[PDB]
Every structure is written in C-alpha cells, then in structure tokens.
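With one protein chain held back, the other chains of the complex are shown just where they sit.
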Amino acid sequence: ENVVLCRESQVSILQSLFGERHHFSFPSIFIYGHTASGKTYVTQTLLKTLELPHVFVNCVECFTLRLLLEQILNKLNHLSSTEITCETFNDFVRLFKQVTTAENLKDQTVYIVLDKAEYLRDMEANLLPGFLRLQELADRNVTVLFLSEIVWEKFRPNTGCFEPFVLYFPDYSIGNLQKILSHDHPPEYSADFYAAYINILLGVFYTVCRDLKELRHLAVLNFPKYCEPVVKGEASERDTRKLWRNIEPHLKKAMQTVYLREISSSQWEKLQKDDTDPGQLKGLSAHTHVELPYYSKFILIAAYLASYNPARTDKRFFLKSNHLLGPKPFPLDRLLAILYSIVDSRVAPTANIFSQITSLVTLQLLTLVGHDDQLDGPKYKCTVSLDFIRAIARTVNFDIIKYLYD
Amino acid sequence: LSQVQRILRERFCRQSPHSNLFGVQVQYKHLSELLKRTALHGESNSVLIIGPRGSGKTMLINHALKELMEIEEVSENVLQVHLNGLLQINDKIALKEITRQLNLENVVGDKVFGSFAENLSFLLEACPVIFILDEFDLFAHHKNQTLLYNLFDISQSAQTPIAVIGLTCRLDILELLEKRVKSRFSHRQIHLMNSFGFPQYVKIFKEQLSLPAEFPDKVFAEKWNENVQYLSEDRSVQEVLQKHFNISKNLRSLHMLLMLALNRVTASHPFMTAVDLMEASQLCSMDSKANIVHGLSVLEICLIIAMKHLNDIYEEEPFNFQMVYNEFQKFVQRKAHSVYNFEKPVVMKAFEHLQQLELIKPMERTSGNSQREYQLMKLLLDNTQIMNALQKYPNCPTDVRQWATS
Amino acid sequence: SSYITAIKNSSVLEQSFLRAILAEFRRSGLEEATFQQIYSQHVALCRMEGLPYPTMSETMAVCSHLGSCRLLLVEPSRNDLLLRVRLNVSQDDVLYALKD
Amino acid sequence: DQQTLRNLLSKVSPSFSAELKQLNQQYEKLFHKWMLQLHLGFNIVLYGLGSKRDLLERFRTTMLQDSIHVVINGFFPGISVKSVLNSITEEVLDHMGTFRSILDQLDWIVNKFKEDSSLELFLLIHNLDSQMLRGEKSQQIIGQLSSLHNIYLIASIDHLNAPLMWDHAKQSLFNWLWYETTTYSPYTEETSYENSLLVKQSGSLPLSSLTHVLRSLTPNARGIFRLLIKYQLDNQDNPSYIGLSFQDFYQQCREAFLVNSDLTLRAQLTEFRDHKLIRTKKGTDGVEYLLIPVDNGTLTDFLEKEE
Partner (left out) sequence: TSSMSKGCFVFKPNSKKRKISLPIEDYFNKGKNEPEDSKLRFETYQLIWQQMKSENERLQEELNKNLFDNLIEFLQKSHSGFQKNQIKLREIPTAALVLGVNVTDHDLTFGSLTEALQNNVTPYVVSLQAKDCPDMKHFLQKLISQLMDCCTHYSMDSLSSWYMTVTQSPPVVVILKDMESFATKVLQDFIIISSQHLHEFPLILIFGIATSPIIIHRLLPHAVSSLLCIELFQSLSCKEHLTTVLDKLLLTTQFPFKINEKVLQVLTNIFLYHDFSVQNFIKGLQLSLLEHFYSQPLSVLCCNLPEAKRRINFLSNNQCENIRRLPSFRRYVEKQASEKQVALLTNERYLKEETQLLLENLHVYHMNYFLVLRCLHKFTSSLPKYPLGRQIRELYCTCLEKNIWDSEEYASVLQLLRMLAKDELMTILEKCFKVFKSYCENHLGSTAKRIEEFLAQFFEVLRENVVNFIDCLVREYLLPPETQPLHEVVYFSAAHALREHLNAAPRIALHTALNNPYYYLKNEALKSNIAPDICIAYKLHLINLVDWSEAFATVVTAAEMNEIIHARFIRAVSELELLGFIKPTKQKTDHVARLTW
C-alpha cells in the first residue's frame, strides 16, 4: 500500500530530526532534489505513518498571500476539530497562536509542509523570512518543510534570514529504478518475466530519461505488445531473446512518438489493440500547413526575406554570420518595398493590407519588437521556420531559396 | 536518554536562554545601565544595536529586560511593546499593535483620531513604556518614516518616559534615516561584533555541549561532562571545529552542527564520538550544484559539454539552441557512429529540462516575444564544476569524457 | 569607524574574499565585477594560503554574508555566478583594516 | 519665432476661397446618408487632407440636436479612455461613484445599455488616431463600446498609417464605412505647436511631450528619473519638507545598480538640465532640492503608462 524503497537512509534522518512530540525540532527543513526523487511521496507517507498533526499546502494553488494563509489556518482548524479570515501576516500569527492552543495541539510539533516552494520567492518579501522564523515569532513548537527542485542559494534574500538545514534527496540509479518499477508486478504473469521487461525498457530509455513517472507510464503502455508473442504462442515465458527481438524495434518508435507526446496514449493503445502499425498517424506535429489569403502569403514571405537577409544585399536581389543567430528586426518600409517588388501585379496601399500586416502579429505568425509608437510601428520580426515559408512560396510559385542566399 | 535530549534540543533548536554570556559584558553593562536609567528615573532614551546575524542581539535584550523586570517596584509599573518589521509592514498595523499590547483596545473605542501623533498622545496618557523595535531597517523603508519620527519626537519632547531600542544588522543604518529623524535620534550605538578567537570558540563548544547542574540524574551528568571534556580535547573534533570556524564565527551554525551530532545519539549509542561530528560536518559541507548535476541524464551532460566548448571558443558570448545543437552534431558524427544519434525534439526536450532546473538562464526576459529556438541564454556552471562533476559521474561513457577533456 | 573594526573582527575566508576583490579590481581597473572572476582569484588565494579548496556554495554563503551587512552591496541571489559585486567601503580602508 | 507669435499672425486669407467654398455644402449633402447608416448599424470614419473638425461640428449643429450626444477631443493632450469612461458614467448616466478598474466600469456601462433601450448616445471623436488613443487597450475599450446597438460613433483619422491600428478582430467590432472628405482647411486646432522648432515653450511639459522626450533615452536613465518621480510623488503630499539632496540621491542610486560613479550622476543630472527636465535648486540654504517642475498628476499618469 505505502512502501518506500531505496530511501531508508533519508527516512531515517527525517524520523531522527522529528524525534519525540514534546521535543523541539528545527524551525525549518529545506528538502531539495532532482525531479521524480520521491519528495512528496516519502514525506507524505512518513507524516501519515507516524500520526503527526500536519498540513500539506501547495504554493502553486496559492498565488495570493491571503489564499496561502487562509488555507494553512483553515486546515489547522479542521485538524484541531467555522470560517476564519486573515488578510495580513500579523493576523496569521495572532490567529495561529489562537488555533494552536487547543488541547490536542498544545504539546505536539505542528508541521506545515509547503510543496513547490520556489513560487514563494515571487510573492511578498516578508513572507519567506516570516515563515523561516515562525518558531521564533509564534513560539508554538512549529516546524516548516520547504520542498523544491531549486538549490537553496537562489532563495536567499538580500537582507539575510534564519538559515535552514539543507537536505538532499539523491537520484535513483539504475538498480533502484529497476527494483521500484518491477515491484508492482501484474498478477497474471510471472514476476521474473516482468523483471526482464523492465530490464529491456530501462536498457533502451536510460539515456534520454531518468524520470520515474515517465518510465512507469511507458512501461504501462508497451506491456501488451510485449506479451503478444506468448499470447499467440510462438514463444514462451523463458524465451527471453525472442521477446526482446520483437519489442526492440518497437521501443524506438515509442521513443520518437509517445515520449515526445506527438501521438496520445489512447491512440497508441488503439494501435496496439487493433494491430494497426504505428507510423501511419501524423500526430500533433507534421501538420505545418495553414491555408492563407494571397496577399497575407506574400506579406509573410516578404517579411521572412526582410528579417533573415542583410540590408546591404537588398539592392542586388530585389532592385535588380548565418541563419543560426536568428531573425534580425526590420523596418516596415522594407516590408512594403519587398512586397511591392516580389508581387507581379500592381498592389495598392489599401486599408485591408495594413490590417493584414497587423493581423499576422495577433495570430502569432509575426511579432513586433519595441512596442512603441504603434501607429508608426516600423519594427517587426518573422517567427516561422524555413519549411513553412518554403511551402507557402511553393504554393504561390515563388523561389525563396534563390533570394535567401547565394 | 530522553531528558538530555529534551534540554539540549531546547538549547539548540529553539533559541532559549542559557546562563552565560560570551564576551559581551561591557555592551550589556551599557545596555542595562540605560534600561535601569529609563525605568527607575524619568529619562527617555534611544539605542541602536548593530550586529551580524545570529550574534545574539535578542539574547542581550531578553536577558537585560529580564533582569530589569526582576528589580522590585519596576515590574508593576513597566509596560513593554514588542514590534517587529516582518509582521508590521505599514504604520496603521503598527498603530493597531501599539493599542493592543498596551491593553487599551477597550479604552480607544471607535474614535478616529485626526493625526498619528494625536493617537499616540491619547494612548500614552492612560508609568514608563519600553518600545523594542526589532528589524529597524525594515521600519526605515516606510513611506516617509512616520512612526520612527513620532517615536523619536515623543521620546525627546514628551514627559512620558520612553526607551526606543532598535536592532539592525546593517552598518549603513545611520545613512538610511532621513535628516530630521537623525537629528531627533540620540546617537547611542552598541556594537555586538563577534570578537573571539579559536580557543574561545572551543570553550564555547564545551560550555554549550554540557548539561546543567539542576539535572536530576547526577551520576550520569558528571560522566557526560567528562565525556564532552575529552571530546573537546580530541584532535579531529578540533579539525572540524577549525573548518567551521574558517567560514564563520557565528554561534547559530555551531548550534546546528551540535544538533546534528546530538541527534545521532540514541539509546544503544549513549555518548558522543568524534565520528558524529565528522559525519555531521560532512552533511553540512555539501556542494549543491554538484548534487544537481549528478542527477542529470547522459544526454543533458552531452549538452553541457557542448555549452562548455561554446563558452570556451566564443568567450563571454551568449548562445541559443542552434549553436549547441550544431556542436552536438559535430559530436555525434565525430566520435561515434549510430550511437547518441538523436532527433531534434528529444534534444530540445532535454535542453528545456536544463532550463527548468535553472542551470541556464534567459539573458533577456520578455513576454512571449521570442520563439523557443534563437533565444539567447547563459550557462550558470563554471568550468571547474563541470570537470569535478564529470570526474565522479557514475559510469560516464569514455566517449563523452574524452570529448570533455578535448 | 564601524566598517574597519567590522572587517578586522571577521573570519578568515571573508578576509580572503575581500583580498580577492582587491586583487581582481587591480587586474580589471573597474569598480564592478562579475562574481566569476572573484571566485577564480579566490581559488588561487586559497591555494596560496594553504586553505582547502572552497566549493561554490561556501563562497556564495560568504558573499551573501558580506552583502547582508554593508561591507559589500551585491545583486539579489536569484541570479547566480552572474552577480555584480562592488565595494561599499574605500580600498585604502580595506588595506588598512587587513594589514593588521 | 514663438508659438504665441504664431497665434498673433493670423492675417493671411486663403487664395482659392470661392473654389473651396463649394467643398463644404457638397459634403453637407451626405449628412442624411451618414445618419441613416448610423441607425442601421454602421459606423463612419472620415479620411482626408484638411481639418474635418468644422464638418463634424456642423454635423452636430444640423442633425444631432435632440439627443444625448458626447463630443471627444483626441487632439487634446490631456485625454485618456479612462476620461471618456468617466464622461459616459457620471453625467450621461446618474452614477456617482468610483470604479476599481477601467474594465469593471466598461462592463457596468455595457450592462447598463443591455437592460434598457430607451437610452441612445451619439459619441463623436474628432481624432481617433492621436497619441493618447493609440493604445490597443484604448481601441479595445472603444470597440467594446461601439458594437452595441444603442450607441453610435463618427470618427475621423488624419495619419497616413491609421489602418495599422485595426486588425480583423478589431474591425469586426467597428462597422466602418470609409468616406473621403478631402477638404482643405488648415489644422489650426490640432497643431499645438509644442515641441516644434518654435523656440518658445509654455509652462510644464504635457504628458505627450514628457513621454516623447523620455522614450529616446537610455533605460538606466529612465530608471534614474523614475526614482525621483516616485520620491517627489511621496514627498509632495504636503508642501512642507519638500526637496531631495544630491548626496542622498547618490546613496539611493548606488543602492540600486544604476550608476557606477558620482561623475556619471553629475553628467546624468546635466543631461536632464539639457531637456529642461530637472530644476536644480542646489545651494538653497534649507535643502538642495533637485526637484522636477512637471505637475504631479501628469507624473503619476506617466509612470502608470510607461510600461
């Protein structure tokens, strides 16, 4: 139900610093760790196991100071046992001392866990030194835990603060990942069979991924495809090499599509179920073609020539150190000069054409830099790739690669 | 034993008073003379205590006000008002606290006073008052320093005896104050700097790690004291104390080290040992960025080695995804064949993960003005950190390491 | 003054940090510095003195301790290895305080 | 020359007078078509060479008499969409209160026009392309206003790149019908003569001129000035104890990473003396002011609009 594996030393240290209920612990512990290292899971299981009064608060949900303080105080008032309101930090400290004096909570360490705490440094300045010194300010035997992915030195305010004990939850190596993934074996099939499956999956995906959640989800998805030989009967439980040879090319296709989330999980399990092979689904990518009006097409392939070409060469290509650095901003007069040059027919400066130039920007196809003097508005940039402009130029029968560079 | 743990945990975790004072006798003599001058006579005074973080400024005022309170016929007539910068950020909340701690919230009624000074004059008219202003520099950043001016003006002018003690850790505290309030301020400064040598540090070690004389289990108490004498004279304990002394001479870090070494002591292992201080010193001295880079994937390490070559060649010039991808392409062709030969989206996903950990930083911060590529970013790792982290990188393929050396 | 006796009663690594700042300012001839050059000189001074090799999270702790007081005013810690470090007290005062 | 001297020399008369006298009643003929197309759900924008102010004012006199109409001056420097929202809310409607935001007040007046159809309002804008009403938020608020069926809007544009303001989303809101009125009247009202090459400059800087001089400058310099703008703002609350000091300014601007040396700040305060921005009252026995002469409300409205 609630097993923690390969975290024995870390749970030993937390259980040591918590100690006894009457004893006073550190005013603050700052747990930091690389992603999917079991911060929330280990802390929640340990706090639930020991039966300590504790509050779990996520700071992403509490984007306002009032919401954070209100959430903490209401959850403590439910732990003690209608609606208490607190606008400021001082009202939090007064009402916090008020709710802490209940008979169940007079003589026990009251924990306030704050998960995803890197969003506490974007809020009010007194909030984070206020929470670090909460045992000093309130004097009510209170311990706060900050869980984060970010190292401690970035958090430090300019005026200093009550420095906390910085703890490190280490990453899972290959063995720890194998003995946490193989633990929840399917009841139908052999445990060694599922263990060899985890061995080949970790063999493929260790290089690009060391995240527990992503590997567990990819192990869930690709498992019916793995046991299809033993279901069809062409191979048995102990014919490991045949099973690995079957699933070895398929795992690369699952790395290039599902791992990048091009094709959703439901479409993927449909592909393994109905036996339709992958590679026949376009996915969210490869749909880079948008049906655009004629003038907006020529404006866009003129702004790409304005942005990615130096002004010194502009004379040679049109009147008669690379793309690596990016798009160079251009003035609007260059856009109109290129637009009038490349279009074969006469173009009049109508209201609709300027409305199209200021529309591409709203549709995030173009982008203005500066954001100053909107009526003059000369500065613009092109945010689209080579293939999109090449496809549009091919549609209206224009040779973009002749004009880009020699 | 439990009682030893309880007493020493209140000594280390909470900053609870202990009897002796280390090298602050003259400063305390000044402070106690001015408090007895204010309380016994009718003189009104102002003090601005200056000292670095954790140098016991609150220790001095708590012990001085405690001995002041011990004096007969002082306790009945003296009122205290504790105000703090981190709690009260605006002067109306400060006014609310000054009414509330003086127990005049019933007396003040519903009347709204025309001026701030009139409200303070009404409050003080219904017997000396002491005003401990913690975090004085946070009071100094108010809108026009109204509360500080009114407090200093009432102490200078009004008959009502008032002492205004302020606590700061800034040596420019008399440059933040505006010209009128410096003139109203009597220049009395008590500097609590950490002026003690290394043998005095070892003496504070042995004084702070020893049991009190009112401990009931006396027979265990004397052998615990003889044990901490032998521990203080030990060589390796002296070495780890020297390593902690070189960083800082602040007793808060010493109490953290002693708490960790104390917390290792259990029922089976009933006495402290040199290896407890050595391991507790090993826990504190961890390097954070090496712990993060240890957690990374292999592909993110290949990206970091490419970024290190980019900053090596084009020195102090920012980069985008395209240059690091091109250098990584020179890797995947130049060293190896058909190994590490990934596509662009998975490399982009790894680069975006490096951005998530804040090991790279966007040089210019805009609001959606730039696409994901062509965005100029800087590396937040020094070269020697990268070499140290690759040095003990678990099983780093000889290919990537040989790329890293050259 | 307060700043001179504050520098004199400071620890060993803070004084070596202030010496790295002085030598790096002599090298640069400017009143500001990126934290990288200060750390690269501080490594060499710790090697010369005989002190052990300082990790980045100890040097950042020393720098934020000096910046917590006003012997030095630096940028917010949010940006790392990219700070602007300037002296708040005069260089001759620093040499007078460290010469003892 | 002076701008006052420009006001004095009004002796000249137009050469083609009889020729240009027939170009007014010709456009006066189209008034019934314009009023009818207002009632059917279209809006009219006028584009031309001369001043359309007299034509719109004659349109007010002849037709829009027995209606609750509102005239808006884009050419006035001290105008904002907040002001036109106040003008709709407080006198046209009988509300007497303060609203939290411009969007919250816009939704209140929009809802007020929803529950009742007895209200009809005619909203004239003499220039819709002026600097104050150039913002996309401003045109978004005006587009939310004009799309109702109980309110009508006639506006004129003068600038050559006016069609850049509206895209396909915004011009869906405005049912524009473009009518050319190429009269030849001079721009006597809309040419303020301020920040022109006439050397005479009157009073405190208007907000448009303050912004225009302040944009073409170093970003550090914008910060340096914002410091004193915010200080002078918190100091001006009573006339007593007014004035900053130059050593105190060096302290505040060294705390922040803006200025490196004192000579750099002296060079900066001379650059502000160059554009008549700073008033150096240093050497005064009480305090060495270094204050700004620009009106305080204009300073608040600049700082809120600056980003």
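Just so it is clear, A, B, C and D label the chains in written order, and each chain counts residues from 1 on its own.
Here is the rule we use: a residue touches a chain if its C-beta (ideal position, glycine included) is under 8 Å from a C-beta of that chain, and two chains touch if they have at least 3 such contacts.
J.: Pick from A:77, A:158 or A:352: which residue touches the chain that isn't shown?
T.: Once the missing chain is taken into account, the touching residue is A:352.
J.: Go through subunit B and note every residue touching the omitted chain.
T.: On the side of subunit B, residues 349, 352-353, 356, 367-368, 371-372 touch the unshown chain.
J.: Take the complete complex as the reference. Which residues in subunit A touch the chain that isn't displayed?
T.: Against the left-out chain, subunit A lists 58, 60-64, 66-67, 70-71, 213-214, 260-261, 264-267, 284-285, 287-296, 333, 337, 348-353, 356, 359, 362-365, 375-376.
J.: With the missing chain put back, which residues of subunit D would touch it? List them for me.
T.: On the side of subunit D, residues 1, 5-6, 9, 11-12, 14-16, 19-20, 23, 32-33, 35-37, 39-40, 47-49, 53, 57, 65-73, 76, 78-79, 83-84, 86-87, 91-92, 103, 120, 126, 140, 157-163, 167-169, 172, 175, 177-180, 182, 184, 186-187, 189-191, 193, 196-198 touch the unshown chain.
Note that only the chains that are shown with their structure count from here on.
J.: Go ahead and note the Å separation of the Cα centroids belonging to subunit B and subunit C.
T.: Going by mean C-alpha positions, subunit B sits 19 Å from subunit C.
J.: Counting only Cα atoms for the centres, state how far subunit A is from subunit C in Å.
T.: 37
J.: Of all residues in subunit D, which are in touch with two or more distinct other chains?
T.: Touching at least two other chains: none.
J.: Of all the residues in subunit B, which ones touch at least 2 other chains?
T.: 53, 169-170, 286, 288-289
J.: If you look only at subunit B, which of its residues touch subunit A in the complex?
T.: 2, 5-6, 9-10, 13-15, 53, 84-89, 93, 97, 137-138, 169-170, 252-253, 256, 259-260, 263-264, 286, 288-289, 291-292, 294-299, 320, 322-323, 326, 340, 342-343, 345-346, 349-350, 356-358, 369, 371, 373-374, 394
J.: Residues of subunit D touching subunit B in their complex?
T.: Touching subunit B from subunit D are residues 234-235, 237, 241, 245, 251.
J.: For subunit C, which residues are in contact with subunit A within the complex?
T.: Spelled out, the residues of subunit C in touch with subunit A are 57, 60-61, 64-65, 67-68, 76-78, 80.
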